[PDB]
Amino acid sequence: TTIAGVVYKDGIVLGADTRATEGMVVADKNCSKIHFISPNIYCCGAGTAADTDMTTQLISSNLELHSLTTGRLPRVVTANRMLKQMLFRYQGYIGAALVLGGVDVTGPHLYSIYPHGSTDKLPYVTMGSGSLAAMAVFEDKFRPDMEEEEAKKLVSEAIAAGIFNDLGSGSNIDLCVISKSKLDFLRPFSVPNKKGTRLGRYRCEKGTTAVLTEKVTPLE
Amino acid sequence: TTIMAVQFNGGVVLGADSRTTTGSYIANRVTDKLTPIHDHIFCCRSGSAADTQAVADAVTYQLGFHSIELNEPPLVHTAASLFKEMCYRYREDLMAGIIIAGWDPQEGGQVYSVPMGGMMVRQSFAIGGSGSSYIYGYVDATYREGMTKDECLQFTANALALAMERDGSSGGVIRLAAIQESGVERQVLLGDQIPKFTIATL
Amino acid sequence: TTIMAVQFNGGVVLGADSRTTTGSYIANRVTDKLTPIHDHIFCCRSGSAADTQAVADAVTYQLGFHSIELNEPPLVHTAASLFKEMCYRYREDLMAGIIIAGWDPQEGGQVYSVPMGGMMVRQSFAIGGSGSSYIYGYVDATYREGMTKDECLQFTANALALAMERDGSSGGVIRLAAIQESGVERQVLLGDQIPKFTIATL
Amino acid sequence: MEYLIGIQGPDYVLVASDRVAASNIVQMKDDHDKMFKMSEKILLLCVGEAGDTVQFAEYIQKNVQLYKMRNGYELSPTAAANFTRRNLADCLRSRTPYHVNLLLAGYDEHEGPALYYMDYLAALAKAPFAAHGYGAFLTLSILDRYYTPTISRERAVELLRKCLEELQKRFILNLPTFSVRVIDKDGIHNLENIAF
Amino acid sequence: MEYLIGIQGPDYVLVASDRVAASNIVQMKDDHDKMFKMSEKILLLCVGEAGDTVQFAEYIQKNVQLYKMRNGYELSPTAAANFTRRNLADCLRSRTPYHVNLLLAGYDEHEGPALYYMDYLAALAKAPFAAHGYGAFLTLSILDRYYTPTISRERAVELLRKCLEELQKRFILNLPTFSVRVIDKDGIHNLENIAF
Amino acid sequence: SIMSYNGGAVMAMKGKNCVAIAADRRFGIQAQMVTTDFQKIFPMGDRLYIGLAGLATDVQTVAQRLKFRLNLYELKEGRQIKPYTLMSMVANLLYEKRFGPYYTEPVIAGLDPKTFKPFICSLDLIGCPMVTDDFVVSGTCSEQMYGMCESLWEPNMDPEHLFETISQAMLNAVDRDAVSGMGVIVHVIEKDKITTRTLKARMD
Amino acid sequence: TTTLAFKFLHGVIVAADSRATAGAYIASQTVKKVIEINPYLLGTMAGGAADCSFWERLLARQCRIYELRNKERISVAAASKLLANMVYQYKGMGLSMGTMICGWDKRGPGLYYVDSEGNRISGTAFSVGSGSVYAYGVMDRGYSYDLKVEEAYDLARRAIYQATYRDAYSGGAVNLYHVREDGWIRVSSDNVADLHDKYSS
Amino acid sequence: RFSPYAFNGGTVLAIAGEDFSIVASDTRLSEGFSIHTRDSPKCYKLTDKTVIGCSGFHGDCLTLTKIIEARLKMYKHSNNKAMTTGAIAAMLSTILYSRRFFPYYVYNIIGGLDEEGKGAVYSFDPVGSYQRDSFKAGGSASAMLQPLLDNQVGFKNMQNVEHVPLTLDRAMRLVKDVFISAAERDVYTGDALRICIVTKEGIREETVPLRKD
Amino acid sequence: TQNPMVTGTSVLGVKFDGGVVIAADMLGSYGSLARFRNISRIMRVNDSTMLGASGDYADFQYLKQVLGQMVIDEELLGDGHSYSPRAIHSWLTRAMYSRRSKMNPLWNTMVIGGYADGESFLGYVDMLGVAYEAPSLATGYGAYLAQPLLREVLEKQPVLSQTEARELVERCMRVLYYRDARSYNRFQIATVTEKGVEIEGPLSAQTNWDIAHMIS
Ligand SMILES: *[C@@](C)(CO)[C@](*)(O)[C@H](Cc1ccccc1)NC(=O)[C@H](Cc1ccc(OC)cc1)NC(=O)[C@H](C)NC(=O)CN1CCOCC1
Ligand SMILES: *[C@@](C)(CO)[C@](*)(O)[C@H](Cc1ccccc1)NC(=O)[C@H](Cc1ccc(OC)cc1)NC(=O)[C@H](C)NC(=O)CN1CCOCC1
Ligand SMILES: *[C@@](C)(CO)[C@](*)(O)[C@H](Cc1ccccc1)NC(=O)[C@H](Cc1ccc(OC)cc1)NC(=O)[C@H](C)NC(=O)CN1CCOCC1
Ligand SMILES: *[C@@](C)(CO)[C@](*)(O)[C@H](Cc1ccccc1)NC(=O)[C@H](Cc1ccc(OC)cc1)NC(=O)[C@H](C)NC(=O)CN1CCOCC1
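Protein chains in written order, with the deposited numbering: chain H, 1 to 220; chain N, 1 to 202; chain b, 1 to 202; chain J, 1 to 196; chain X, 1 to 196; chain I, 1 to 204; chain Y, 1 to 201; chain Z, 1 to 213; chain a, 1 to 216.
Isolated chain H (complex conformation):
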């Protein structure tokens, strides 16, 4: 992975790449790493892919159960507490490096949560194998209270830095823009990488394979 998050003037902009790996091979060229927590809170994920999916779902489930009971909009701290305490209970055996971002009645909030259960409240955070490359962009170009399109540009450039400089990351850039007014889930925000057009013709013409046994079962 590369995942990043930033706090701008109006709210939070989250970023992620779309590569998943099995050993040293690309397993999924287009993967969803920005996860739904609540209508106002989203969470980026890095580390063990399955641990990222299930942890983020369980908390999304618990928060929905919480918001239905309270009758009010869930808080980012609640999501943070639920994630922090759970990951700590498992002593880091659940490999989930997370970037948590959302907008409350309190305002815009951004967190980085580690597999062991340590949380950092910061204006900009990076997690994953390409996090240092992404951080180099944040340390070079970040300014307080940026405009919406300026922040969209910054995070996408940070993820790109991870994509091109880290072997664990690649493919598309995903963004999620959260404000007090609007939620924008831009799945394919950028397609920097593309497969080369095929030149040779390798059409396996009909009847090129020898068959020993055939059975055709009709259906409804």
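One or more hints might be untrue.
[Said to hold, decoys possible] Result set (DSS-like, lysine-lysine): computed pairs, CA atoms no more than 25 Å apart in a straight line:
# : chain 1 : residue 1 : chain 2 : residue 2
1 : Z       : 212       : Z       : 156
2 : H       : 215       : I       : 97
3 : H       : 215       : J       : 126
4 : Z       : 212       : H       : 195
[What the hints assert, rightly or not] Here are a few chain H residues that face chain Z, going by a calculated C-beta distance under 8 Å:
#  : residue
5  : 48
6  : 82
7  : 86
8  : 167
9  : 171
10 : 191
11 : 196
12 : 198
13 : 202
Just so you know, the hints here were simulated from the structure itself, not pulled from any lab data. Backbone N, C-alpha and C define an ideal beta-carbon position, used for all residues, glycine too.
Fit chains N, b, J, X, I, Y, Z and a with the ligands to the known structure of chain H by using the hints.
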């Protein structure tokens, strides 16, 4: 880390660096290591970020309930005892080095050390963290019996500045907090504000 | 150990503790870690007692012959270079942290550090040994540009006393040596003579 | 080291196993039986660990017998093999894993002859012929060579004899006698023990 | 795994060894001769690790023959055994130690029949009867039971047969054939290979 | 490697209004082949299949425990299962054994009921879903299978062209793997019919 | 690998496969595992790919020098002894090679098995390799000293085929050599896939 | 202690035709999870008729190339002629086996012309085992390139296709396509593809960009 | 060297229109301790080439001595031939691999910069003998932090002026000080040009710490 707490007549002064590491990489270069437990009780955290964080959260929960159940401002010793009970019980599982410093309307300014073993001892001033190793000599030579609040602020700021210079695991920003009956006042020392000690060789 | 050498105008000041440890037992409570190599050249020994000693004895032999053959009073840099060659070639076999300090008619007072790797660097002042860890903060806060010979003697004695106070593998007696054009003068500090920084707690 | 072999024809299943029970360098027993009667038409040939073999095979044996008493009829060879596999698979990740390599043979009322191969990891597979033990490495190629689905029982014994004679020639372990049994519509039949 | 046995009489030495060369689970050779002719009256029975057996035995063999050519007369059984021990014991703490367990059998013009036992560590020991390998454990007790110092060679082969039959009964490894040789005043005599 | 113990390879491919799922037929323990006709692809609901690759026990244990849950589902619900629903069920089953998993990476291929839409996915041993529009592979010759599919697969393929592609992709990949092969079975799933074919392959 | 060699009335049959593996990956299917030392002498390859190729080529050099110096062909015994001595010096170092040395000698048909472990044994029939256990079975069942020339060919051809069927690390094609008194001849190179077609009918 | 090896990725490919030989490689040099350089073509010329491609531990690849070049001149000085492709392939085997107990972590593929002007390819393992073949892949992505070539160039597993002789154009398209396919799945492969073409008149070079992620 | 002792962290390098610029902080770390705060980790080889070294400082001092003599030995002859930057790079690859193969590595990672005959040289050398040329180079944590930034700029603008390259390095050294825990805000800038090799005295990067107040 480097963490530090000093005691004076009116109350206590607390100091911490802002660096947190994941190996050799600095994950957060501007951390708040001074964690409020109650109105007048703080703790300085060193060691495992996740371990110290969980203990602090649980103590805040316990003392919070304890203070309401007694209907009385909570004693610093009581807060420090709740740290002792957890740090000692889970000594094999936690990597925690806590300094508990605060004020209560019965004993005044108090600085308690709960190191990795889980023991508890009250001190005039305490130092902890990886960086504290490099300032024992300085701290032993500079400390004076009966320093004022302002003198304690400078004393703790100087020692940290010297620790962050030599220790790789320490650096960034000096965070200071003064506790007395009045309340809690916090300040932050940035770049140039850090006490300048010239690098002198040949 | 703790070892220290400070360069002043007309020469150098050397200082060491006197403790030799075999585990947690002091095998020798009054050790002369300041080893003479030539008339004006000394070295401070820390690490393996047998290793540093053997190197010292080989440099004395090597520099002895070199000086006679060259017909000059030997350069401190030259004596430091003989230590470097040995400490670098056999870095995997030796545990030696040497400070070479002395005087020569060409360059005056000089202090060279040869740590465990086998590198060589000239410094205004140098500290080494296990105890030197606890005095980095003090030494950086106290050191001033252009100290007199008598001040450097006080400076080394203070730093060492603080280090012996905290470090278990340091202690006993402070041994000081001053080297200038006129020659070498030695003094020893016992019990009361060691600068007392009182036990500072409640 | 122990040996199992199974040969399935059109209407029978031929099974054989060595009668040697060894400890380090000595042959403690000469007439050991590695075959367990489950039903009137099912045999379970169990091989592997010193304690696990008897404990596991016997546990399945009494359960099938309990089924016989419970319902009035017997389990099918297919159902038996799956029952054995379930009990082995469940124990695999537990505190007491059974290290047994087994072979189940049976004749069904409606389905006919059946032979099942099973790993100690509990991997079930149906085969026309199968073998266990180090001796399998020398014999399996002879089975691949001289086998047709339409093999008669008398020529299946000849094929089995070709395999056992190879164990006398190439196999370094002393295996003089073999238990031979056939299962068909009439049940389990004892055959003449092949000796050398 | 390999087996050696020697039985000394009043005027002869009877020696036997299995003819099996084994690779992990397969028998590669049916007629592996494990005896090496040193002189007209000396045999070296060599057993042990893969390459060490043939390399070490032949080195002593060719050196004993070199002694014959160099001086005209041959080495005595005692002289040969000590020569073999010296070469093994000097290699014991060297870069290349030979892992061989051996039996030396010979007839002397003065002292008569002699059988020598030698550890891979190079411990020489003269005995009336000796054995090597796992088979030794099952045979030395029989040798203890029926041996007399005045045993006739016809009754010695009968005693040898008892031991080899025990290997067919109790020993887990398949050793069908054995080499049998006698050394007396007239030299080395080949006997019929005992087969099972 | 625990996954390399039994070997095997399972592949799924997306067509026009159809999906294909193929697997090798070898059942072996390490170097030794045991059975030449082992079942790795299992029917889950007429127009939906699952192929399991990995340790032979876990292939069988998961297949049977999934059917256990699916039958209860299809009885509780008045409907037959949807492809996405099965994928989440499998992921659920595999994650329950997070810290001691079944050593099998499943592959699901089928058509969506009513909407007749094609669907393919692969999962982790701990159940991580990965949906694609082209192909999903799992097994010991993961790399070999990827190289074939990337260069052969085309956007819209009719059942016959899809069959030729998955067949050729499986055959040539398997032939560079020692622990895979001994025959390849292919299922082509259409709305009206299911075509099942065993291919002519090398047996070495 | 699977390799085999057996001697009979008409000569010495040498058979081998052509598969080479790097882990689970099949590196090659066209490896010549029988090396041609002399017009009358052969050597099979099994084990470490480079080890077998290097040391048996070293032997080919050794045998040629012997021929030039002594004006006479090397014996099968002497050719096997040289390789046994060369490979023994590297015992325990990691070399992995199981070879058969086949030829026609002054003593007649010659067959020796030489190991990197240090084994050197003469015999009538051997099978060397990972699939050797499977080739041993089918070879022994259909073997006779009185076998016709063509009958011995199909025996060796089937024995390798049966090994490739069970062994994962055996396959490709079955190559056959026949050692006669006037020298060896190259018999046939039959693909396993083509043999599967023939033996199924 | 200390590892004297590093895996630097990279894949080499060679196809032998009737009058030509193509030696192709990606240009990415990696270590751990980061890229050293995007410009590192692995194919290197030795004579007018021979091109070598090295993948694996770059330290060894650099050293080994410098050894071969020296040896080429040594042969040239002694025998008064350029070394033939087969002779280079035979020599490399001995150079690689010389380090049997301290192996070069190296996958070599030699491509060029033989003594009759036909295309020749030689594939190597780390310790010197080698053979002549028509096409081979070696490196981090060799398992991905090979099966497609076995199908298209080798006509394997297809029922009725008459074995049409390879053309330079079709082989060039095949090379480009397998590497594009490899760049999709193998993380070590990408950036750019370098292609060397050996014919009657010298050696030609061509470069096609690849995915940079 | 089996175990490094006093070590230097990142070394940076980027070529511009006119020459090459190399940067390295002046710290020698002893584990987590910053022991030697004032040491030069950049050396001038000759008029046309320079070197910056990461890792074990004692090993660097050895290479400094050996290269030092080599340049002296050439200037003795005065035959008009001198080592090119590419030649020193080639030699260093041979030295480092030789020691690696002896299983006694020189615990170093070098960056060679030079300017000769119009074109500028920038080369990398491992402790294993991995060597290559690149328009921008970074060792240690610089590889993970600085190099990404160096590549991004060269994507947009392949050729840089001395000023643009110099202020880029300023930006890279700032990030390294924020994120690498073994670095030090006191560095040297080394520059190869047609005029020769210049190394500049103690330099500090200006830092921002505004993000301290925006946590809450
Ligand atoms: C980048 C790609 C790392 O290279 C990201 O961290 C990414 C996170 C992600 C991707 C998709 C969906 C949600 C989140 N991580 C991976 O792709 C991850 C790499 C990894 C492998 C093994 C690990 O050790 C525990 C940790 C990380 N890939 C996977 O999870 C893959 C699909 N699964 C496996 O490799 C199988 N594992 C599961 C964990 O236990 C060992 C076997
Ligand atoms: C200084 C920086 C280092 O000694 C302080 O002690 C600091 C304390 C702190 C940090 C954040 C908030 C308040 C106070 N400690 C750390 O930064 C800490 C270092 C550490 C790591 C692991 C330990 O053993 C379990 C003990 C100390 N860093 C962290 O906890 C970071 C966020 N997490 C990791 O390093 C992850 N580890 C867990 C253990 O296994 C290796 C990976
Ligand atoms: C302080 C006391 C400890 O760091 C000094 O460095 C001191 C140096 C000194 C001592 C005498 C004269 C001049 C200077 N060090 C010691 O006292 C030293 C501690 C040490 C032991 C072993 C080491 O590894 C090689 C390094 C440091 N003590 C000794 O050398 C004593 C006399 N000998 C032993 O401890 C015997 N050892 C040798 C190593 O193997 C285990 C037994
Ligand atoms: C069958 C296929 C079983 O593997 C044969 O034994 C075959 C024999 C053969 C093949 C080609 C040429 C002549 C003879 N053996 C192999 O193909 C062999 C398997 C093997 C791997 C490693 C070994 O070392 C203990 C022994 C056997 N494959 C190889 O040698 C491959 C091509 N090369 C490597 O694996 C490289 N190794 C060599 C040893 O050091 C580590 C790297």
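Outcome of the hint check:
Taking the CA atoms of residue 212/Z and residue 156/Z, the gap is about 33 Å. The hint is violated against a cut of 25 Å. As the CA atoms of residue 215/H and residue 97/I are separated by approximately 37 Å, the hinted pair breaks the 25 Å bound. Only pairs whose Cα atoms come within 25 Å are accepted, and residue 215/H paired with residue 126/J is accepted, the gap being roughly 21 Å. Between residue 212/Z and residue 195/H the alpha-carbon distance is near 11 Å, which keeps this suggested pair within the 25 Å criterion.
Proximity of residue 48/H to chain Z is violated relative to the hint, the smallest CB-CB distance being about 16 Å (cut-off 8 Å). A hinted interface residue such as residue 82/H counts as satisfied when its beta carbon comes closer than 8 Å to some beta carbon of chain Z; here the least separation is about 31 Å, so the hint is violated. Look at residue 86/H: its Cβ only gets to about 28 Å from chain Z, farther than 8 Å, so that hint breaks. The interface hint given for residue 167/H holds, since its Cβ lies 4 Å from the closest Cβ of chain Z, which is under the 8 Å cut-off.
A hinted interface residue such as residue 171/H counts as satisfied when its beta carbon comes closer than 8 Å to some beta carbon of chain Z; here the least separation is about 6 Å, so the hint holds. For the restraint placing residue 191/H at the interface with chain Z, the shortest Cβ-Cβ distance is roughly 11 Å, beyond the 8 Å limit, so the hint is violated. Taken as an interface hint, residue 196/H checks out: its beta carbon lies about 4 Å from the nearest beta carbon of chain Z, inside 8 Å. For the restraint placing residue 198/H at the interface with chain Z, the shortest Cβ-Cβ distance is roughly 6 Å, inside the 8 Å limit, so the hint holds.
Because the closest C-beta pair between residue 202/H and chain Z is about 6 Å apart, less than 8 Å, the hint holds.
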